[PDB]
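Visitor: Listed below, chain by chain, are the residues.
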Amino acid sequence: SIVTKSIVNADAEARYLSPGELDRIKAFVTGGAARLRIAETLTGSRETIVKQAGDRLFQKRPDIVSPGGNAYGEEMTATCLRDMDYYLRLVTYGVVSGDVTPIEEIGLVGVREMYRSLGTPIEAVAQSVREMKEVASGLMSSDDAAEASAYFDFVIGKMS
Amino acid sequence: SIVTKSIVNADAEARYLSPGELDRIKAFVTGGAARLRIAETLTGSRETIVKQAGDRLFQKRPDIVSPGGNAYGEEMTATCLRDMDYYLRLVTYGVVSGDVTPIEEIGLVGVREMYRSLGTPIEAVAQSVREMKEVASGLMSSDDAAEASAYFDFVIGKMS
Amino acid sequence: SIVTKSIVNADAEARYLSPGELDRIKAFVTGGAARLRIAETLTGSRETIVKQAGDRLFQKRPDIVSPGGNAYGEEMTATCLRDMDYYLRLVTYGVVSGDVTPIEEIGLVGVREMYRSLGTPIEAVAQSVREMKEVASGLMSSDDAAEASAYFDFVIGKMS
Amino acid sequence: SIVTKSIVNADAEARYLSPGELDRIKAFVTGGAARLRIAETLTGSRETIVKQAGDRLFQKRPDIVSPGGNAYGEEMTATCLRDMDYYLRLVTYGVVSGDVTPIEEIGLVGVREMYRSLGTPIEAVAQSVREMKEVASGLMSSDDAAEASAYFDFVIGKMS
Amino acid sequence: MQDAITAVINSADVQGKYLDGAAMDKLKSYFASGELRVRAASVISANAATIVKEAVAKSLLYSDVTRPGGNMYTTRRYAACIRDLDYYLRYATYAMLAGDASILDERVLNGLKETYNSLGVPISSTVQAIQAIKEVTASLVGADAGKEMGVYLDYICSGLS
Amino acid sequence: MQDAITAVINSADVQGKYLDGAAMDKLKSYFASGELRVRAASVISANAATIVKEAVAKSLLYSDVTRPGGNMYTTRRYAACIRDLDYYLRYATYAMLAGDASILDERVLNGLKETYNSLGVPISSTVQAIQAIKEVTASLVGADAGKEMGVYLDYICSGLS
Amino acid sequence: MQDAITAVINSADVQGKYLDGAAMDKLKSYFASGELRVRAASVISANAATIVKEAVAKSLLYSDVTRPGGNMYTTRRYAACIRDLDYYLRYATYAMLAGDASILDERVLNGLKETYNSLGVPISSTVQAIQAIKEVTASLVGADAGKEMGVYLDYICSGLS
Amino acid sequence: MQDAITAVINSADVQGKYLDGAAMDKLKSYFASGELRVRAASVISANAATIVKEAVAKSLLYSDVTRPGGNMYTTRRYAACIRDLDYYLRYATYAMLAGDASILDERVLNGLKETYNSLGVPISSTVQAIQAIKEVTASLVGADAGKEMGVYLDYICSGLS
Amino acid sequence: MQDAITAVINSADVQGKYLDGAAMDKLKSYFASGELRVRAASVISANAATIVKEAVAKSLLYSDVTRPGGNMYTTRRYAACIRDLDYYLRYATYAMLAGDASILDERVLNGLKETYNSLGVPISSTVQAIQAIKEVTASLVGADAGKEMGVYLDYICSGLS
Amino acid sequence: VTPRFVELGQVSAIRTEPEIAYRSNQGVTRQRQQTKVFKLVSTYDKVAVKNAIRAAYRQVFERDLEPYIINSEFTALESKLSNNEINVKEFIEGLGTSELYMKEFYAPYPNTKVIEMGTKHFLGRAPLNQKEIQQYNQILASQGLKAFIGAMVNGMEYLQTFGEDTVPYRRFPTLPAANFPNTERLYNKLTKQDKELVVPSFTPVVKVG
Ligand SMILES: *[C@@H](C)[C@H]1/C(=C/c2[nH]c(/C=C3N=C(/C=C4\NC(=O)C(CC)=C4C)C(C)=C\3CCC(=O)O)c(CCC(=O)O)c2C)NC(=O)[C@@H]1C
Ligand SMILES: *[C@@H](C)[C@H]1/C(=C/c2[nH]c(/C=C3N=C(/C=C4\NC(=O)C(CC)=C4C)C(C)=C\3CCC(=O)O)c(CCC(=O)O)c2C)NC(=O)[C@@H]1C
Ligand SMILES: *[C@@H](C)[C@H]1/C(=C/c2[nH]c(/C=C3N=C(/C=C4\NC(=O)C(CC)=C4C)C(C)=C\3CCC(=O)O)c(CCC(=O)O)c2C)NC(=O)[C@@H]1C
Ligand SMILES: *[C@@H](C)[C@H]1/C(=C/c2[nH]c(/C=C3N=C(/C=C4\NC(=O)C(CC)=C4C)C(C)=C\3CCC(=O)O)c(CCC(=O)O)c2C)NC(=O)[C@@H]1C
Ligand SMILES: *[C@H](C)[C@H]1/C(=C/c2[nH]c(/C=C3N=C(/C=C4\NC(=O)C(CC)=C4C)C(C)=C\3CCC(=O)O)c(CCC(=O)O)c2C)NC(=O)[C@@H]1C
Ligand SMILES: *[C@H](C)[C@H]1/C(=C/c2[nH]c(/C=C3N=C(/C=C4\NC(=O)C(CC)=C4C)C(C)=C\3CCC(=O)O)c(CCC(=O)O)c2C)NC(=O)[C@@H]1C
Ligand SMILES: *[C@H](C)[C@H]1/C(=C/c2[nH]c(/C=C3N=C(/C=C4\NC(=O)C(CC)=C4C)C(C)=C\3CCC(=O)O)c(CCC(=O)O)c2C)NC(=O)[C@@H]1C
Ligand SMILES: *[C@H](C)[C@H]1/C(=C/c2[nH]c(/C=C3N=C(/C=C4\NC(=O)C(CC)=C4C)C(C)=C\3CCC(=O)O)c(CCC(=O)O)c2C)NC(=O)[C@@H]1C
Ligand SMILES: *[C@H](C)[C@H]1/C(=C/c2[nH]c(/C=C3N=C(/C=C4\NC(=O)C(CC)=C4C)C(C)=C\3CCC(=O)O)c(CCC(=O)O)c2C)NC(=O)[C@@H]1C
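Protein chains in written order, with PDB author numbering: chain BA, 2 to 161; chain BF, 2 to 161; chain BH, 2 to 161; chain BD, 2 to 161; chain BB, 1 to 161; chain BG, 1 to 161; chain BE, 1 to 161; chain BI, 1 to 161; chain AK, 1 to 161; chain BM, 687 to 895.
Wrong hints could be hidden among the right ones.
[Said to hold, decoys possible] Reference excerpt, derived from the structure (chain BM facing chain BH, CB under 7 Å, subset only): (1) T688; (2) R690; (3) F691; (4) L694; (5) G695; (6) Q720; (7) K722.
[As the list claims (entries may be wrong)] Label-pair distances were calculated between CB atoms; the ranges are: (8) BI/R39 / BH/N10: 15 to 25 Å; (9) BG/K17 / BA/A34: 38 to 48 Å; (10) BI/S42 / BE/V14: 22 to 32 Å; (11) BF/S138 / BM/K725: 54 to 64 Å.
Read the hints as simulated data drawn from the structure, not as lab findings.
By construction, the Cβ of each residue, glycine as well, lies at the ideal position given by its N, Cα and C atoms.
Just chain BA, same shape as in the assembly:
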């Protein structure tokens, strides 16, 4: 959260938070209502968003679901959809927190090594995150879509 980042920065210099930091915290807590509204919108349609993004990615990337691919089989595709749900939940956490620290801590550190171990094309994961991004943006307001776009793009760039 921005509160955690401000506290860490202040403790780095061994100083109390400056008036600008307090003003930023006040603005963040005021905008927490919009943050929570966006989080509720994302969480309510999480299943439909994940399903639509997965279908779109499979249409763009049949190889992953093609024979010999990582996601071949009903159970493998179910696991991939579970991963999409995990990353949507991480995006929701980043939305509520107002920053990307929870996403980075949970599902963006060592993700490349982990997927290389699992034999998963990281580019396919980035494309799936993208598809989830457009699917969420379609069913959500313009300003809300822009605010969630930061976290979605951060996840995509970490993938790529």
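Given the structure of chain BA, go ahead and fit chains BF, BH, BD, BB, BG, BE, BI, AK and BM with the ligands onto it with the hints provided.
Guide: Here is chains BF, BH, BD, BB, BG, BE, BI, AK and BM with the ligands on its own, set in the frame of chain BA:
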């Protein structure tokens, strides 16, 4: 300045300014009319504000004017008035800039070293700044008084 | 080259090369004849090897050369084969040197960033290198095939 | 020089000279007459002192001049006696300065490298300077011989 | 380090579930309290030095601790104690802003208790000084802010006790 | 560093007077330009990675630098060029948002000339790349908004010229 | 560095010979200086901050240098100049105790002029302040020891200017 | 730093060309010389401690350099001189293993000439010392290996020249 | 300046020896190359204006420099570049005929860098024009004469770079 | 006809020897990759411990401390390091806060040069900006030498860069501005090569006040 502070924070992490930082700059520039009005009011009543603050300080802390105190004659009380004027000007600079970096860079870093080399009681300087804060609050609206008092309290805390 | 690594280790330790380092350099010099034979075999069939490698890569990944892809035009396919020639030249350099150091130094550090900037699918480049390794092994002895495939697999792994 | 590393120690701590170091300088400057007397007595008696010290060194340990020794050459004995003269001058300089700065800073730092390069045993020259101390105390006043033997003990122990 | 938002996020993530109604309510409560927390933090930062001054004067000065034979004797030990109290107040303010006590957990408490035990620092006197800081800062920030501030200061005391 | 607000503050503080009508008007002018500056900065940050792509493509690709033995050969060096162009774009955006070309002097141009001369980086090739940056961004953020980015990229080029 | 005693030792070492009367008398001179220089060093270290205080108070103080625009302006620059004066006093008394000014050249004048030029520090004002500390120390320690203090401080001024 | 093999590889990479007939002939020449270079390296590391002894004994012993006033008197100076000879021997052996003068350009001769000039050490006497160690190493390593050692040592002298 | 014939003389005279077999062979090699050197110099002198014209056509014309505001603008400046390219070509011919690139750094490269820096000349643009001249002359004088001319022009460019 | 990709990859001109020499070493020196980083992975191998100690001597003092000592005065530090009672960071700090270090890189240089050498030895690069130089100046002026090396070694940058088990080494930082050329000038000259300041002070672009 708020723009300078946000740019420095972004450059520390080696990234472009975040959407929250851009929103903060946008809000600051939009609301700049109020800050400019506050600076105009503070500069306008500078003479009376400094005079009342110094007068109340002197009976509040007679030692600074007492025999053996740092500012015994009218000549040293002139130096007190000049220092209080400097700090009022720095507060106005911080108000217009929207951030405390100008104040800290001009008259807060190493202030203890200066007042040790001059023998001035830094506690009484903090008291004088507090008196200026009170007299300024008496000459402003409640929200304007709070906005100026943020930087006044920053100066008081760093001083003490 | 093992010579440069041994010299660097000795200089960092500030010592002459130990007996074991001398034997390692000795065996490296002894095997230099076979390494030069492998390098000459690879160099003599450069045009052919790049032809079959590029053809098989395009067969496996027709989208890159299809319209709208990164390698659609004849100039784009020529640039693909230019990159492929670069990588096989680096592989020959490594085979001569007996270590993957030149390959990493000239064409493996920051390659991911380069191909992200150019929009080239890094996985497709790795597949092209794999086709290179397969076709080259098809026209070499089994021991020489394995010796060159070591460097080819190093390049493929660094790309992946 | 006592004052030179006194001032070096003070500067390393970023502080003025302490009362103890000041008093040590006080006593050194007040008692420098005896140090100058010892300087004169060592300078005047150089030939006999080095002669007896070298003779007793040779008679204790004939191996320095024994067959195959580093001092078998007739010129090698004179070179050894030149070393004796050098260390005697170093001891005179140190007693003059009231401190062991010049002994270490002229003929002690890296003497072990000296003797490994030239093959001269360190223990042999330590015994030689011990003989120098013995003969000097024989030729010197008791109270003065106390300080002279103290500095000889310093050189013998540190160089031992 | 964790705050109220991160604490709720981690509590939901350990079970691997999205933010439910209870988490939403807790986030709303923290957002509502954010204004008061910011005001209290600004007030404390304005008078942190005076807060430590008054707490030390009322709870430690002219007692057996400050006299020879006590732990606070000598300017060195006195400055060490003053710095400890200042860091205590600052970290308690950080926790109050964050709405969680974790920052005290891995930035004030781990190693502090047995460090004081090794150096012989009186834990009871430190607890009394922290209580004095609690009431002094309450006198500045008002009852509502002082409740939270003293909750975190008492957390520090209990960990150190 | 410095910006327009800090520029006015330093202009008033060098002679020690307060902010008069002229400084007030300059501050209002900067605040008026702030909307355009923020929009341009956000757009450039969104497309910062993309811009360097065609900037290199239309100014450096398929040229003597890119051929083997060229300074932009050796893919580590290509990534170094991409990183340097990204740094130039980011710091130009910093200067544009601040409204003052002072960040470039003390954070980009400080030692950059001697840096490239020691590294043998083609100065004119980099200048052409930055010019391509300016043209690409001018066609992305508009003419008026792109004017400031052109000004600051041109400042970078002149310092590197 | 090196003192008068080490100076003579080095001079006799260059010839690789013993100390003679021509150096004997010059060591006698330094030894006779002795208690005078060390009294002076003790008294200078006594009120170490004082001489800097009134020296700055009478030369640079209440002048345009301490005013806005002047390089003595701002608390940070005030502390920096005061720290420089402490450097000058400490190294000058260092030379006085050692009896040679080489330490200044070995510690003070090495790059000081160039670094001040890079920082834009007024050389003339600094030299005047050092002359002020010279006269203050002369009035504080007496005529003779004040005379060595003055010669070392004037060497500092000449090297700086 | 690059050996003969890496030097050839870099030269080929500069033109973006494969290893042509000259590349293989140079590589085979280095491979043939590898046996001699390795055996000479073993022989020279055998006596690296002792070889410099007679290298300096017949070059810089009982001369103007070693006596007081000379730049090799005092244990620090003699130790630094023998250490410099050890450095030259070790790095020339490194070059002989690598069969290239690239290491000497950046790790030995880079900054050595003006370093000696500032130190004031006699560069000409260093040249004669390196020549003397040239014959000393040629005595133990043989004729052909002696010539290979001597070419690198003469390169060191020319750089120091 | 120095040429291939006097280069051997200076190399032999620095050690004071006479002309041995190696020097004789070097002189014979230069005399053998003299045929091609003279032919190339005559052909280049015959076609210098056309060579510089063609080099300017394919490297500078119809670009940003020639456009208004560019350094090629202001026809006096265009004539200045024509004169500079003629100078570069003529001095490269001098060096090629001499057999040593000492006249290049003594009558061309001496002070050129800060000359172009003060005049704000595009250094990389001039370098590109020099390679254009090299390519034009290599396609007119042959393979070996073009080889030598390219060697000396590339030495000039590396001095520029 | 030659294949198109060959022409695309073909280098123009003839690429004579001078350009080969110039372009073989074109950018950052190969010393960035042709060096060794010493990590005390385990304390059971005494040879590795001695190698790490010698590397620390060669890094902090820039040289092996054979011609600069009477005897090995860091013997107790070496024993503690080899006994696994202190980390390599503690050994580096002890080398910094030693009389040999003060004699070598503190006594003969001004405090600005002291900051330069200390940052070049322990941090591995040149000072970042004017704020760092100022801060180290107050540290040196108020507490002397030991506090200076203590603050440098125990700072967050040292732990994040070298940690507790890695000997410091020369660094090649990209950012901030001018840090790379200043570091290159610092490490391109030998020990005691000359006395001027490579980075005396960053000239402020903006003169505050
Ligand atoms: C088909 C095989 C794949 C592909 C290739 C491709 N590459 C480019 C462009 C470039 N490739 C490079 C490569 C290198 N530079 C180096 O220094 C080395 C290491 C020795 C390499 C491998 C570079 C620098 C470029 C750009 C500059 C230039 O081309 O001279 C293209 C064209 C890109 C464009 O927009 O023109 C293509 C098509 N692309 C794919 O999609 C396949 C996976
Ligand atoms: C005799 C019992 C001892 C002995 C003496 C010995 N010395 C040498 C050679 C040298 N000794 C020195 C000494 C110094 N140089 C300095 O600068 C200082 C003072 C600062 C000293 C003490 C030097 C320079 C030499 C070489 C040249 C010279 O002689 O002056 C030898 C010769 C050994 C050889 O093989 O060359 C000898 C025999 N050796 C012993 O074993 C005794 C302890
Ligand atoms: C009188 C002209 C000066 C002066 C003195 C003054 N001191 C205090 C209070 C305290 N002084 C100390 C200092 C020490 N206590 C120790 O045990 C030692 C160790 C050697 C020292 C140096 C302390 C700790 C206190 C606080 C009380 C206590 O001792 O426990 C006061 C009163 C402060 C108050 O608020 O009561 C005064 C007046 N003050 C001046 O202004 C003069 C320069
Ligand atoms: C037809 C009416 C005449 C003619 C003109 C002609 N000019 C060019 C090419 C160039 N003309 C210029 C001229 C200038 N540059 C300047 O900066 C100035 C004013 C300060 C002038 C007058 C230049 C520089 C060029 C070449 C570079 C460029 O064009 O940008 C051409 C084409 C030449 C070619 O081979 O491309 C022509 C045809 N030529 C005639 O014969 C008529 C008299
Ligand atoms: C007054 C209530 C207090 C007090 C004041 C006092 N100050 C001085 C002298 C100086 N104070 C300053 C102040 C500043 N310098 C800066 O750069 C800043 C702004 C960034 C400030 C606030 C300066 C510069 C001086 C020196 C004079 C000059 O203008 O150059 C004195 C005089 C001390 C003496 O002995 O001469 C006094 C009395 N003293 C108190 O006791 C009050 C707490
Ligand atoms: C003051 C309220 C009490 C007191 C203080 C006291 N403390 C020490 C020494 C130390 N205290 C600490 C504490 C902390 N380290 C941390 O990281 C945290 C969180 C920020 C804390 C609270 C430490 C580490 C030390 C040792 C190191 C150091 O002092 O710098 C002393 C010194 C004891 C001695 O004999 O040296 C004292 C006196 N003493 C009292 O009596 C008060 C109740
Ligand atoms: C005071 C007499 C004048 C003055 C000075 C001034 N100095 C600085 C900044 C620095 N001064 C130094 C000097 C030294 N450092 C050393 O190590 C030595 C010898 C031990 C010397 C002499 C340095 C290094 C700095 C920069 C770092 C720092 O601040 O410590 C300033 C501030 C510069 C700035 O704004 O960055 C000033 C103002 N100013 C005056 O008006 C006097 C004439
Ligand atoms: C011996 C043949 C000659 C000689 C030597 C001598 N050297 C120094 C001092 C230094 N020597 C060097 C050289 C290097 N250090 C390295 O790490 C390398 C890299 C390969 C080299 C070449 C350096 C840097 C110094 C300065 C630091 C040091 O003290 O070692 C001295 C002492 C100089 C002094 O003032 O103490 C001496 C005596 N002297 C001669 O007369 C011989 C001809
Ligand atoms: C690219 C189009 C051109 C080019 C550039 C190039 N630069 C480097 C290496 C470095 N570039 C910098 C520059 C900066 N560092 C900073 O902090 C700042 C401010 C943001 C700048 C401008 C530095 C310090 C380096 C060296 C360190 C590092 O490489 O990370 C390279 C590669 C050098 C190497 O050896 O790999 C290149 C290629 N070169 C060209 O030919 C283009 C014209």
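Visitor: Could you run down the list of hints and mark each one as holding or not?
Guide: Evaluated hints:
A hinted interface residue such as BM/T688 counts as satisfied when its beta carbon comes closer than 7 Å to some beta carbon of chain BH; here the least separation is about 9 Å, so the hint is violated. Given the 7 Å rule on beta carbons, the hint for BM/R690 holds: about 4 Å separates it from the nearest Cβ of chain BH. Interface hint at BM/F691: satisfied, since its Cβ lies 3 Å from the closest Cβ of chain BH, which is below the 7 Å cut-off. Look at BM/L694: its Cβ gets to within about 4 Å of chain BH, closer than 7 Å, so that hint holds up.
The closest approach between the C-beta of BM/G695 and any C-beta of chain BH is roughly 4 Å, which is under the 7 Å cut-off, so the hint is satisfied. The beta carbon of BM/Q720 is positioned within 7 Å of a beta carbon in chain BH (closest approach about 5 Å), and the interface hint is therefore held. Checking BM/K722 against chain BH by beta carbon gives a least distance of about 3 Å; that is within 7 Å, so the hint holds. The given range of 15 to 25 Å is respected by BI/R39 and BH/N10, whose C-beta atoms sit roughly 20 Å from each other.
In this structure, BG/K17 and BA/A34 meet the distance hint of 38 to 48 Å, their C-beta atoms being roughly 44 Å apart. Take BI/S42 and BE/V14: their Cβ atoms lie about 44 Å apart, and the range 22 to 32 Å is violated. Between BF/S138 and BM/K725 the beta carbons are some 60 Å apart, a value that agrees with the proposed interval 54 to 64 Å.
Checked against the numbered hints given earlier, this structure breaks hints 1 and 10; the rest are met.
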